[PDB]
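Read the single chain below, which is given as structure tokens and is the form deposited in one PDB entry.
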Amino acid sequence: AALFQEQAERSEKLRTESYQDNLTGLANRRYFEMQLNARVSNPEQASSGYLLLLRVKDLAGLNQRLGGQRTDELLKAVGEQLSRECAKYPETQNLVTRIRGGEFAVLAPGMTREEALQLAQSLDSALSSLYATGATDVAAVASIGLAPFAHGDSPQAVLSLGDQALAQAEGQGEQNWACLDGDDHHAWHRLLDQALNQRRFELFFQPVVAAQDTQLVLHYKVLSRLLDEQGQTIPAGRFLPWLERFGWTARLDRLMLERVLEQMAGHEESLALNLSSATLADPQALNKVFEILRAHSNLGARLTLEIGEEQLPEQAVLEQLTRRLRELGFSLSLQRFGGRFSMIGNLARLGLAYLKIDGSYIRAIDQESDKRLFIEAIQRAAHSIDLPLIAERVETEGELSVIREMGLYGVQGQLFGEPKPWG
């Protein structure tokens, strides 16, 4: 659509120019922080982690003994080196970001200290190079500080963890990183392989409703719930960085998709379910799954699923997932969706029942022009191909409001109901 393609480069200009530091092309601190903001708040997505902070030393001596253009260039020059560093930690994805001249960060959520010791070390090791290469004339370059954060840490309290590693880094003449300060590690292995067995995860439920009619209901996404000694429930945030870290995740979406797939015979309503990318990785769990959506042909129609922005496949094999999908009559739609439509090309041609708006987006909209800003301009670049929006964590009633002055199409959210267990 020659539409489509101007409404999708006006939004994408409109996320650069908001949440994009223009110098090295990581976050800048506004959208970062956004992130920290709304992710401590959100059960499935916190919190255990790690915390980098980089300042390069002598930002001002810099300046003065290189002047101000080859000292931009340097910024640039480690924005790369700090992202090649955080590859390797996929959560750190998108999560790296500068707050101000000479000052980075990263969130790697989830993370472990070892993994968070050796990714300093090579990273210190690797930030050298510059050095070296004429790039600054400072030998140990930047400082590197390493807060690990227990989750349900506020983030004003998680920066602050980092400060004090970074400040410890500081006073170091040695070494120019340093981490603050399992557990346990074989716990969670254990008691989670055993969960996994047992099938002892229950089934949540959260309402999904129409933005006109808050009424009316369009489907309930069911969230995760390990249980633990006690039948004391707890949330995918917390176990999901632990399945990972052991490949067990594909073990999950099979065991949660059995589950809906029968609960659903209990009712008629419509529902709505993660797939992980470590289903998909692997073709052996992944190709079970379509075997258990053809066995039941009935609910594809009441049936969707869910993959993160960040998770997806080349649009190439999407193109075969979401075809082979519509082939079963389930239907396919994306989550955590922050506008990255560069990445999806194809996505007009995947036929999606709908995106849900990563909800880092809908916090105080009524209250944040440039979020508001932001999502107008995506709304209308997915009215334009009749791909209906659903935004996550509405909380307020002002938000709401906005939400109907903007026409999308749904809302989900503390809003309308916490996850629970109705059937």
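Positions refer to the first chain, counted from 1. For the two forms, the rigid core is made up of the largest set of C-alpha atoms that agree within 1.5 Å on superposition. What changes on going to the form deposited in another entry:
For the residues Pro313, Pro283, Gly329, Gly134, superposed on the rigid core between the two forms, a C-alpha shift of 2 angstroms or more shows up only at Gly134.
Once both forms are overlaid on the rigid core, the distance between the two CA positions of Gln367 between the two forms is under 2 angstroms. Relative to the superposed core, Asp193 shifts its CA atom by less than 2 Å between the two forms.
In a rigid-core overlay of the protein, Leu62 has its C-alpha displaced by at least 2 Å between the two forms.
Okay, that was the form deposited in one PDB entry. Show me the form deposited in another entry next.
Shown below: the chain alone.
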């Protein structure tokens, strides 16, 4: 509709003005804090990783010697070099940010120490091109700091050692980057290859219930758990980066889908299951998926496939993708959605089942008006195309009462039950 188009635009303007750095087009400090806050807390996404901080050298002197305009161009050029170098690490998607003046930050969930050293050094070399270019007249260009973080670290503390790493880089008149002080890489490689071959991944399930009546179950989200040697389960937050590191995500998708379709035959409930970019990229993996769905036409009305917003293929592949699924009787949704409509585009025509809102916007939504205001704008656009919204990571009675007020369709999170075994 022209109505959708207009509502989506308001929504984008609000997203951009709220969460995007005007100058560079990167994310801003608020978005980075929201992400750091949330991305250090949930079991499904990587526990550990690295924070990278980057500080342009002598910003004030540059402004004085080169002028404000020439300095703004350098800042954008720095932002662009940072995007390029981080692109190699798909987990940094949407987490490349400009904090203050000449200070940038990137969060890299799951990144190993070896990878962080590689990024530091490749970024350093990249940025040196900005001196050769004359974009800056400081030969050193910028200071870089890397600091590790784990699940359960306070965001304040993570920023603090990011700052120490950065300060350590500075006291070295010599060397622009510093990394603060596997494994075991080989154990994960063998653990995972075997586990896949042996089908030793369990299905866990988390209820997704109606926001407007929490006793009513909408579907169960399926989550993958790895068994250890003692039949203990390991969370996806820990193993998934390794699978992606080894390039085995598509293997898990295939195993998970066959297993889910086997288990659905014994009951009448609806389920949802991830479909990774890994599966979507290899046409041979994709076709096995269609093959597998064709054989289970009967279950299509009960299974929704979910793609992460950060893993969306081209609108073209997306459009045909929803088309093939619809012919098989299976439905498609987005999860981790952050309102990037200029990236979905033809959304109105996809006939998606729902959009699940990234838990980062939901956390503390009863206490942070910018989040509440942004989700309301998304609900406005979605409402006009009859596309329901489902909030992820609802943990609090306060968050839930606000989601109700906003008239959203669904809610999921600790408040309603953790991922557990079952039917």
